[PDB]
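A.B. asks: Here are the chains, one letter per residue:
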Amino acid sequence: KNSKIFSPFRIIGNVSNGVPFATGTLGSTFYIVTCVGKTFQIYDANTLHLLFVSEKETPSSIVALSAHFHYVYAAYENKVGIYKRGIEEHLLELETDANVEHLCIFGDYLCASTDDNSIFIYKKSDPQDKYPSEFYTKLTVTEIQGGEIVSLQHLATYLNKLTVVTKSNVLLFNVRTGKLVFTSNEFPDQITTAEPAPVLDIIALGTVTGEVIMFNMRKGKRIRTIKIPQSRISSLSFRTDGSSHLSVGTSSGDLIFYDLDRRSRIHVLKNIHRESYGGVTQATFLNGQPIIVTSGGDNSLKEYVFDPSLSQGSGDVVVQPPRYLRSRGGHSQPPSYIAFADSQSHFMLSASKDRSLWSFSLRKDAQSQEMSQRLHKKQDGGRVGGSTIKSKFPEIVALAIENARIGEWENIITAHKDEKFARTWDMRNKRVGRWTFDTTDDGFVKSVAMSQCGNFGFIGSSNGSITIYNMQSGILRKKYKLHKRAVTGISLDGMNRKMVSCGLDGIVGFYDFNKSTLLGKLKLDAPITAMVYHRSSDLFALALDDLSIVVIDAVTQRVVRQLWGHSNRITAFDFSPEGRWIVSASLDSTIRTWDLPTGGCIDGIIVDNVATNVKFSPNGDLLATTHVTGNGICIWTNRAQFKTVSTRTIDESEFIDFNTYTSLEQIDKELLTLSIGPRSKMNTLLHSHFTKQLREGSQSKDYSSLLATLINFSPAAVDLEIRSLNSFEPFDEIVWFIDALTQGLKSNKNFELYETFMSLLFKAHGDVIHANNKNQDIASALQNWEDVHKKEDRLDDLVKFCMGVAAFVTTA
Amino acid sequence: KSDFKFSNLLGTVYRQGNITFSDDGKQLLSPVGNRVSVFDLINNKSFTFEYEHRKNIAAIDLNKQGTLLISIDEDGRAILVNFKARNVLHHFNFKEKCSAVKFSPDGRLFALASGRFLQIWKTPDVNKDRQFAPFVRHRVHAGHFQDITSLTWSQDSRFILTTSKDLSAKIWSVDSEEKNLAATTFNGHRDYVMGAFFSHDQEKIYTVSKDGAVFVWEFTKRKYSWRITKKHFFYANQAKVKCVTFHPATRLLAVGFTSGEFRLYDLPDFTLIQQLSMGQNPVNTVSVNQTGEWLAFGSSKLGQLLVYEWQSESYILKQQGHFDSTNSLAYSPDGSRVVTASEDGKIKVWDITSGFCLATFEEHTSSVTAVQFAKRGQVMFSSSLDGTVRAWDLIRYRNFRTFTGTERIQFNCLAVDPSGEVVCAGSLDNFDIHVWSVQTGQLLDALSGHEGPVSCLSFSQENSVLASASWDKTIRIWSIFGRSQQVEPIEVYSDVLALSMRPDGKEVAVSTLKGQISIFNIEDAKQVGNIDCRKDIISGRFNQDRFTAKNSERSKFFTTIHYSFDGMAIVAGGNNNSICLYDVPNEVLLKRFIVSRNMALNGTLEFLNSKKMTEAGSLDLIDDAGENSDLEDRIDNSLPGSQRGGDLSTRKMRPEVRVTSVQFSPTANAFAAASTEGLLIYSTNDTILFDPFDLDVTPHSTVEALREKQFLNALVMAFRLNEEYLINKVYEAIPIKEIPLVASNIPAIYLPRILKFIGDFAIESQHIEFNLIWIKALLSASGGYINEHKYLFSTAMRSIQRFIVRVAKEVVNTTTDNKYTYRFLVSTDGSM
RNA sequence: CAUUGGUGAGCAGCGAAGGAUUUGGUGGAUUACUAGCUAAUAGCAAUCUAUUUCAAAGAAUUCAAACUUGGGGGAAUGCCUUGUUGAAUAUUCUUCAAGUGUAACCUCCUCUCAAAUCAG
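Respectively, the protein sequence lines represent chains T and O.
Counted the way the entry's author numbering counts, the first sequence spans residues 19 to 673, 705 to 736, 815 to 939.
Counted the way the entry's author numbering counts, the second sequence spans residues 2 to 223, 245 to 718, 721 to 856.
Calculated directly from the structure, the hints in this document are not laboratory data.
Treat the hints with caution; some may be incorrect.
Below, computed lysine to any residue pairings styled on SDA-like, alpha-carbon distance capped at 20 Å [stated by the list, open to error]: (1) T:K516 <-> O:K843; (2) T:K718 <-> O:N752; (3) T:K74 <-> O:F146; (4) T:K497 <-> T:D460; (5) T:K382 <-> O:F136; (6) T:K22 <-> O:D718; (7) T:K661 <-> O:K843; (8) O:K843 <-> T:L888; (9) O:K123 <-> T:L69; (10) T:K927 <-> O:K833; (11) T:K661 <-> O:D126; (12) O:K800 <-> T:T201; (13) O:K843 <-> T:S874; (14) O:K557 <-> T:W427; (15) O:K761 <-> T:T667; (16) O:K843 <-> T:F889; (17) O:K833 <-> T:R728; (18) O:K761 <-> T:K74; (19) T:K382 <-> O:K96; (20) O:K733 <-> T:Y710; (21) O:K205 <-> O:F187; (22) T:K927 <-> O:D708; (23) O:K843 <-> T:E913; (24) T:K661 <-> O:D708; (25) O:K733 <-> T:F673; (26) O:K572 <-> T:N473; (27) O:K814 <-> T:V936; (28) O:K2 <-> T:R728; (29) T:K661 <-> O:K85; (30) T:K890 <-> O:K85; (31) T:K102 <-> O:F133.
Let's have the full structure, built from the sequences with the hints guiding it.
C.D. replies: Now the structure itself:
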């Protein structure tokens with residue numbers, strides 16, 4: 019599964035996933051630790067700048083997050099990470115095979131619960147020490163004591179008392195001893211969320227009904243209750259700032275704010291997080307500040323504040339409703355199409371089924387900003403066509419961007435789902451621009467690309483028409499008609515001279531762009547699904563339905579290379595920065611890497627996930643994959659720009706003492722070799816038990832015995848050996864010895880020597896064969912000589928080529 | 002033909018920051034304005050890294066072994082560079098202004114002097130892949146009161162001491178269990194302790210301060247700890263130290279004084295070796311090797327570097343560049359020569375690979391403006407605002423004849439006929455095209471007809487007719503031969519400058535004030551076609567600009583245009599950050615190039631950061647020179663409205679990002695432009711980026729890679745061993761199916777070695793086809809490296825074409841002989 | 001007549017449970033992200049105070065020290081310098097002159113312009 023050329027760097031574009039994040043303080047200030055699958059992230063709260071990421075991807079997904087002052091405790095499958103600064107300082111692997119559900123930190127202890135209804139206790143090795151490493155014990159919750167463990171909290175001023183809450187009830191333990199010091203009675207509802215309190219003794223519980231219970235332990239009594247009509251609570255928090263305020267987070271996305279003194283709700287926030295992705299997953303007031311940080315399952319993390327109260331005379335009664343503050347968002351759905359936006363590998367466009375663009379910044383995670391979808395006021399004056407309930411733009415299938423004239427007009431073209439046109443966007447203004455570009459033959463836009471002069475956007479219909487709109491005024495230039503099937507990939511050359519298109523007809527059309535003539539029309543076998551062009555080197559690649567990427571030269575007007583080798587539908591594929599390579603990914607869960615001068619798969623990555631989009635950076639450094647699950651963008655470091663790796667054709671097989710070495714005689718049988726020892730024997734020769820052994824090789828019709836002493840025969844004795852050949856009528860020993868030579872060239876070893884013996888035959892019996900020319904016996908064996916002989920012009924094609932190249936390369 | 006990448010920056014030999022040699026005394030690291038140049042002293046070559054920094058560099062070091070390069074800005078941008086690989090590994094941001102980075106002599110961990118903070122980080126690993134956050138802060142020591150100005154390790158890694166502008170000079174260890182062994186501080190000086198040191202024995206401590214003092218600290222008695251055994255004063259009267267180094271194994275102090283003086287001492291003795299006046303200008307940085315026989319100074323008053331020996335009275339290089347004063351640039355017909363002119367008068371002669379001013383000519387007294395080559399790159403000329411055109415040859419390196427006018431008039435631009443008599447000059451004052459004979463110093467003709475200045479001139483390579491550019495928006499083409507003395511105007515409608523002809527001499531590129539380049543016919547009068555540049559020019563908004571760059575008219579024309587050596591492309595460059603590559607017949611630009619990405623350079627940024635736009639004023643436009651610790655840096659000499667005048671400090675501004683002169687190489691289509699930063703080189707000589715392979721090896725490792733099928737890497741692990749049994753093991757071990765896969769991926773480092781191994785072994789070998797596939801794959805693979813360096817493979821390729829003809833083509837001639845005898849004897853008939 | 005002027009009516013035309021404009025506030029980017037504070041190897045972050053203090057280490061131009069002054073004059077009264085005089089005990093201080101001496105201290109300049117108006 020390991021790649022040699024690339025390696026995982028980070029999954030760019032993720033803020034959170036829905037796993038309940040933790041809050042911590044450094045001194046006076048706050049950090050936030052969220053989860054993204056197998057990798058957690060740390061933020062300043064005062065700017066939502068990214069602070070740390072995990073040093074390693076965890077082998078399974080993180081289930082729980084707690085955070086003390088300098089130490090963030092992650093909890094995946096059986097093991098719990100004690101992390102300083104995102105680096106694995108101490109892994110605590112629990113002595114079950116049960117999965118870690120929840121976790122808490124107090125005192126010299128750590129306490130983490132599993133799904134076997136049993137909590138594990140981990141002492142510090144000393145109170146002098148800071149992180150807990152000593153394993154203390156495991157205590158359990160049997161089904162007379164409680165239900166499934168929903169949370170472990172420690173309410174303050176409770177000496178070694180552990181508060182384990184279930185769906186049923188609440189338990190308290192002395193974790194020095196291991197004794198259940200108190201069991202609460204069952205609450206009749208299914209308890210779903212716990213939270214400690216800035217008042218003493220109180221745990222807040224939000225159940226599966228819309229009910230929050232403040233619960234004492236010194237009383238053991240449920241002191242107050244709070245109702246919610248028809249909502250399932252997910253998170254509870256307390257504003258410890260200076261007025262007693264309570265935060266109720268639903269799984270419907272809604273955030274409800276109470277003042278328990280006025281016994282009244284203050285404001286309910288609606289839809290700060292997406293309901294389908296978990297609602298509000300976790301909201302928490304920053305302790306002693308009027309700032310609540312909310313986190314949803316829509317890859318989003320928002321901040322809200324209470325403004326200080328407008329009523330000078332009252333204060334606490336008149337409350338400003340909570341107000342939007344800074345937020346880091348991501349694509350809620352996985353991203354459908356990505357591209358590398360700029361030249362210096364700073365920005366990446368990522369569009370999802372969330373129906374939005376995002377302009378991620380691989381430099382700094384906070385310059386990642388979601389693009390606007392706000393239409394410019396239409397330059398015509400008559401009003402535009404759309405619902406007044408303004409929905410997002412439909413999800414995108416193609417992207418197109420050239421930064422040549424950026425910010426003087428639009429330069430991003432996006433092919434939305436099932437729309438007859440495609441909108442234009444300014445990359446600089448982070449907003450959809452003024453022009454929308456149609457098909458004008460009533461088909462869908464299925465592929466787009468733009469001109470490198472920044473003046474043209476090319477738009478390919480599902481009925482074959484390619485419109486050339488201008489990025490100046492939104493005007494069209496030409497509407498080409500070549501395909502009667504769908505177009506599926508367009509390009510222009512880097513000089514804006516000759517334009518290509520690939521279609522679902524099996525046609526790649528060569529047109530000029532300055533001129534208006536169809537120059538060429540290459541017919542390929544399957545219909546052609548996509549087209550990638552390399553402007554610097556004027557090639558263009560295409561995926562087809564034949565599971566194979568054909569790289570087509572635009573000059574020589576023919577195929578230069580075809581990479582067979584995939585096993586499924588080729589999803590995305592990309593050239594190198596310099597045209598040396600192509601990265602391809604298909605539905606076969608392979609991401610193969612290709613050296614196009616030769617054409618061999620020099621590495622293929624096997625992934626657990628299917629890789630939907632691959633995007634090589636224009637710089638030689640980064641590779642971007644997007645998967646089918648997962649919302650971020652896996653960034654891959656390219657090791658070739660750093661040292662190198664091996665380039666072998668090793669994919670299908672998966673998918705000394707004496708400091709001396711004798712030479713191998715023949716590496717493979719197909720190659721030609723010479724006689725071991727002197728090369729001068731050709732220069733000598735060119736400037815009976817024998818015939819009995821030749822007969823006994825002839826009666827076998829394999830003469831491999833003769834060639835042995837034929838090499839080993841002394842060169843002057845051969846001048847009588849061939850000069851006694853016993854052939855007047857039958858021409859047997861002529862044909863015996865000639866077929867001996869042709870069988871000699873068959874194993875290709877001592878290749879020169881059988882040519883020397885052939886010329887020595889011409890020295891000996893060229894007249895004996897010549898005056899009996901047309902005789903079909905010797906003519907058959909010389910036809911066999913030519914059939915064996917005709918392959919080895921491949922060294923004459925090697926010698927002349929290599930010689931001329933050597934001279935041409937030394938002189939010039 | 003399109004793809005041009007940055008190769009090398011030339012000159013402006015020091016601006017700001019620390020200078021260091023490597024482990025070996027070959028590699029010298031200097032900062033440039035925002036880049037790092039490396040000068041290799043014995044193997045005389047120069048190099049500047051592919052990347053640039055975002056502000057001026059104020060801190061620099063390289064690794065112990067030469068693997069990692071740390072450059073740090075004024076602000077604290079830190080850039081991790083694979084030093085052997087010239088690729089950037091990590092951009093970290095230190096949020097404080099740091100002054101010293103020093104690696105361990107271990108190489109295991111480096112440390113940083115930022116503020117009163119010392120930050121000690123582990124080194125990132127080079128052979129490991131690049132990670133998100135490679136850096137691990139080991140410890141942070143904040144026991145200091147003011148900004149920490151100097152810092153050193155011991156020769157063991159286990160002891161690090163730093164010194165501040167606070168009086169203190171404090172030692173700690175790396176590891177805290179080595180705290181109790183030695184953790185104390187030094188005080189008792191007078192001033193800024195500017196450098197504190199360990200001796201080569203780790204028992205003597207030298208502490209040097211700004212006032213002119215050294216203490217010799219020693220762990221000695223009246245338990246007992248750390249007294250001064252002696253002091254040392256050089257008694258510099260009003261002058262004080264700026265920079266100090268100490269080479270411990272020979273016990274040598276290098277000092278840099280404010281008066282430009284410098285001293286050498288022998289520290290258990292404190293004996294003055296020699297005092298050198300480096301100049302009026304102070305030594306801003308000192309440096310020694312581990313051998314300690316070269317010294318390196320940099321004056322940031324002038325912008326000069328100086329490698330000089332302490333023991334022998336002998337320099338290595340005394341390089342003195344001139345910022346903002348790179349006026350002309352000139353490729354020779356040979357692709358080995360480059361000429362840079364100046365406003366100071368110096369005209370330097372560079373090799374492109376070995377970036378050294380081989381020659382200079384310091385004989386012009388004023389600005390030298392335009393330089394063209396002629397007659398196979400023999401003669402090279404220099405028109406000036408010095409009132410002359412002085413000729414120069416490249417064999418004797420001498421002035422030939424200073425062509426003069428009557429009234430001693432300045433000359434704007436220069437044009438030379440290949441027939442080396444005719445040299446025309448246009449003037450910025452006099453606006454009459456003066457023609458000088460090369461043999462006769464008299465003027466041949468005073469071409470009149472320019473109303474306002476003659477901007478630029480060129481001759482054809484074909485008909486050698488000249489085209490001058492008025493400021494009367496009008497080209498004047500002059501045909502002075504055939505005894506006609508005939509003229510033709512070409513009316514343009516807007517104000518032209520920076521003329522440039524096709525080598526065919528029938529079409530001309532013109533730059534108007536609109537930015538629009540026009541192409542004019544010369545056999546006819548009309549305009550051919552015009553390409554637009556006012557849209558696709560990256561211009562910058564200055565911090566003192568009061569208008570945005572989208573509607574700024576600062577730099578949206580072109581101050582130089584050049585045709586390609588087909589005449590089918592054009593590189594133009596102006597007062598902008600943007601260099602442009604238009605195609606001539608297709609008439610659309612191919613690629614747009616940044617010259618420099620520097621905040622301290624003024625017109626770099628398109629959009630200014632609104633956090634710096636304060637209530638009244640910029641945040642940077644406030645005079646911050648008045649808070650310097652030094653009196654000289656607090657002194658303001660800036661006359662108000664000086665635009666491209668004499669010195670840097672007297673603009674009272676940031677330097678504008680401007681590129682003056684633009685030329686193509688003939689051969690490899692490489693273009694060089696002399697910028698504000700200096701001469702930049704773009705080229706098509708791609709994969710000259712040096713690439714070490716398989717960095718730390722047994723014979724078993726390559727042979728296990730044969731068992732591991734890692735055959736190209738096994739060839740590398742064999743070729744690092746250089747035993748021919750291993751090369752014939754690993755040579756015949758790989759299959760044919762990955763021979764050109766291997767050979768295209770072979771570096772150029774072992775390229776004469778592999779070509780010689782093929783050229784020698786294949787002569788006596790039966791594997792003629794198998795060797796032949798290797799030479800086919802290599803010569804088709806990297807024949808371009810043998811296209812440049814022919815004398816590098818001349819011994820290997822000789823053996824190779826010995827094997828091709830005498831060993832292989834003899835077998836081929838045997839084959840074709842038997843073939844043609846077969847064709848004759850089966851195609852012909854008999855008798856009787 | 002062109003109005004290529006807009007008002008003004010209108011209409012064709014565009015057109016999903018409004019359209020068009022104008023602005024306040026705040027947040028986000030506007031350089032490439034390693035956490036806050038402190039006395040900093042550590043402690044803090046509910047706290048450093050009734051271990052913060054002992055200890056060590058720690059003092060040259062024997063007084064180098066306006067690299068900084070708009071330009072001329074002078075520079076009375078000051079100062080500086082040596083010449084020169086007295087006193088005290090090899091040095092300060094009293095007294096005194098000579099200084100195209102002097103960033104103290106006195107004056108002259110460092111304002112009056114093809115800018116405009118106005119009589120002729």
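A.B. asks: Look at each hint and say if it fits the structure.
C.D. replies: These are the hints, each one checked on the structure:
1. Taken as a hint, the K516 of chain T and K843 of chain O pair is broken in the structure, with Cα atoms around 47 Å apart against an allowance of 20 Å.
2. Between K718 of chain T and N752 of chain O the alpha-carbon distance is near 19 Å, which keeps this suggested pair within the 20 Å criterion.
3. For the suggested pair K74 of chain T and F146 of chain O, the alpha carbons sit about 38 Å apart, so the restraint of at most 20 Å is broken.
4. Only pairs whose Cα atoms come within 20 Å are accepted, and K497 of chain T paired with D460 of chain T is accepted, the gap being roughly 13 Å.
5. Using a Cα cut-off of 20 Å, the hinted pair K382 of chain T and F136 of chain O holds, with the two alpha carbons roughly 17 Å apart.
6. As the CA atoms of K22 of chain T and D718 of chain O are separated by approximately 18 Å, the hinted pair is consistent with the 20 Å bound.
7. A threshold of 20 Å between alpha carbons decides the hint, and for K661 of chain T with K843 of chain O the separation of about 49 Å lies outside it, so the pair is violated.
8. Proximity of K843 of chain O to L888 of chain T is assessed by CA-CA distance (about 13 Å); at most 20 Å being required, the pair is judged to hold.
9. Of the pairs offered as hints, the one joining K123 of chain O and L69 of chain T holds, with about 19 Å between alpha carbons and a cut-off of 20 Å not exceeded.
10. At most 20 Å may separate the alpha-carbon atoms for a hinted pair to count; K927 of chain T and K833 of chain O meet this at roughly 8 Å.
11. A distance of roughly 13 Å separates the Cα atoms of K661 of chain T and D126 of chain O; the hinted pair therefore holds under the 20 Å criterion.
12. Distance check on the hinted pair: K800 of chain O and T201 of chain T sit about 84 Å apart at the alpha-carbon level, beyond 20 Å; violated.
13. As the CA atoms of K843 of chain O and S874 of chain T are separated by approximately 19 Å, the hinted pair is consistent with the 20 Å bound.
14. Straight-line distance between C-alpha atoms of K557 of chain O and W427 of chain T comes to about 10 Å, which keeps the hinted pair within the 20 Å bound.
15. With a C-alpha separation of about 8 Å, the suggested pair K761 of chain O and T667 of chain T falls inside the 20 Å cut-off, and the hint holds.
16. A distance of roughly 12 Å separates the Cα atoms of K843 of chain O and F889 of chain T; the hinted pair therefore holds under the 20 Å criterion.
17. Proximity of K833 of chain O to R728 of chain T is assessed by CA-CA distance (about 12 Å); at most 20 Å being required, the pair is judged to hold.
18. The straight-line distance between the Cα atoms of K761 of chain O and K74 of chain T is roughly 38 Å, outside the 20 Å bound, and the hint therefore fails.
19. Between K382 of chain T and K96 of chain O the alpha-carbon distance is near 15 Å, which keeps this suggested pair within the 20 Å criterion.
20. For a cut-off of 20 Å, the pair hint linking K733 of chain O to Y710 of chain T stands: about 19 Å separates their Cα positions.
21. The hinted pair formed by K205 of chain O and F187 of chain O meets the criterion: a straight-line CA distance of about 13 Å does not exceed 20 Å.
22. Taking the CA atoms of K927 of chain T and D708 of chain O, the gap is near 28 Å; set against the 20 Å cutoff, the hint is violated.
23. Proximity of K843 of chain O to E913 of chain T is assessed by CA-CA distance (about 8 Å); at most 20 Å being required, the pair is judged to hold.
24. With a CA separation close to 16 Å, the supplied pair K661 of chain T and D708 of chain O stays within the 20 Å bound.
25. Using a Cα cut-off of 20 Å, the hinted pair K733 of chain O and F673 of chain T holds, with the two alpha carbons roughly 17 Å apart.
26. Only pairs whose Cα atoms come within 20 Å are accepted, and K572 of chain O paired with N473 of chain T is accepted, the gap being roughly 18 Å.
27. Straight-line distance between C-alpha atoms of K814 of chain O and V936 of chain T comes to about 8 Å, which keeps the hinted pair within the 20 Å bound.
28. Using a Cα cut-off of 20 Å, the hinted pair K2 of chain O and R728 of chain T is violated, with the two alpha carbons roughly 46 Å apart.
29. This hinted pair checks out: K661 of chain T and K85 of chain O have alpha carbons roughly 10 Å apart, not beyond 20 Å.
30. This hinted pair does not check out: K890 of chain T and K85 of chain O have alpha carbons roughly 63 Å apart, beyond 20 Å.
31. At roughly 16 Å between alpha-carbon atoms, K102 of chain T and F133 of chain O fall within 20 Å of each other, so this suggested pair holds.
Hints 1, 3, 7, 12, 18, 22, 28 and 30, counting from the list given before, are not met by this structure.
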